[PDB]
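Form solved without adenosine-5'-diphosphate (ADP), single chain, as structure tokens, below.
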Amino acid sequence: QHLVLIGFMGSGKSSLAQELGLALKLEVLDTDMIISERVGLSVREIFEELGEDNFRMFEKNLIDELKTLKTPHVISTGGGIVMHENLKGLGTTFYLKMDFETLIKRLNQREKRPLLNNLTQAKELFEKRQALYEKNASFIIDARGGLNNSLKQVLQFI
């Protein structure tokens, strides 16, 4: 019963996460960051050098490991974390809901997947991911306004 942020790259998870940890004085984890740093490659180079399924295995395992932590944390999560059957039960999740249009400018990158530098593939991924964010959301948050306006809605779910 972590506070888990989800949704697509550039919807503002890590920044919300660093703000929520501060406001709530909880520790903040970032799954992409933890993997990149255990592996010693950017997430880009993980994809390039090691392939998506191996990244996806590093995500599956980290989810389980995060589940064993005692104290609640604020966790931001990579774009595809929802691909994982084992997210459910990590924590209370908050979907940072964005439209593709707003999203674009901000998702110019590093932890960015090579497919996310193809915009039509990006849009197709985005579309296919909508249903997965919704299915894995404890709460859905209109992320279109600022960091504050997302913060507002988060906190009311306590």
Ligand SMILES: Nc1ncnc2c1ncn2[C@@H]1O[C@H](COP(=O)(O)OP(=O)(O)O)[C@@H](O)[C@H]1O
The other form holds:
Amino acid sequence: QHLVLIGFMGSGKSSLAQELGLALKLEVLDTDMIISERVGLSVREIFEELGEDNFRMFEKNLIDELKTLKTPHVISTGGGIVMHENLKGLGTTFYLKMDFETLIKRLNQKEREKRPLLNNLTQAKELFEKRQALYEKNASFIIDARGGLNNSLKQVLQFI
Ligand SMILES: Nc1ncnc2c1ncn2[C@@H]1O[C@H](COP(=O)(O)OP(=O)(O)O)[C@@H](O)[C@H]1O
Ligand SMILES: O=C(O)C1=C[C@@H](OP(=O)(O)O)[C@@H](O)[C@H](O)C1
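Let me have the form solved in complex with adenosine-5'-diphosphate (ADP) next, following on from the form solved without adenosine-5'-diphosphate (ADP).
In what comes next, the whole complex appears, and the chain from above leads the way.
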């Protein structure tokens, strides 16, 4: 049973998780990072060259794989990780709740361009709207990710 951060693009998982693992002396994993590196392509290049369904298969399979990990880990998650039925039972999951506009504001241009599902913003907005219920139903605890990192850190630690 790990500590799994979940949240739409730009909700600050990757760095939170890194802070969390330092404070708790646990190993940090990042699902995008793991797939990226096995396949030797960036997530964008994966979408572009191999198509989203394959990325989705990689994601879906890493879920199952990480369940066979022994040591509690901190695990940072890609936006879309909540679409997967099998996410249930991986770890106590912490949802980095923000609102579309705050979320978007803090991704510089280069940084948006790393995320294929931000190519069309109107579409990015409906995705947010749809994903909301999938975060909520996969969340052990909901965290107000609006303030700084510490403020999200504080809230997470409070839930042990
Ligand atoms: N408290 C915070 N709330 C939201 N975003 C933050 C916060 N603190 C830092 N960030 C920003 O989040 C940006 C992108 O999120 P990141 O850390 O990559 O996690 P994610 O995997 O959810 O995209 C970082 O480049 C950083 O500037
Ligand atoms: O929400 C999604 O479908 C995705 C979000 C991205 O993760 P980040 O939350 O690190 O930007 C990455 O997994 C990919 O572009 C798909």
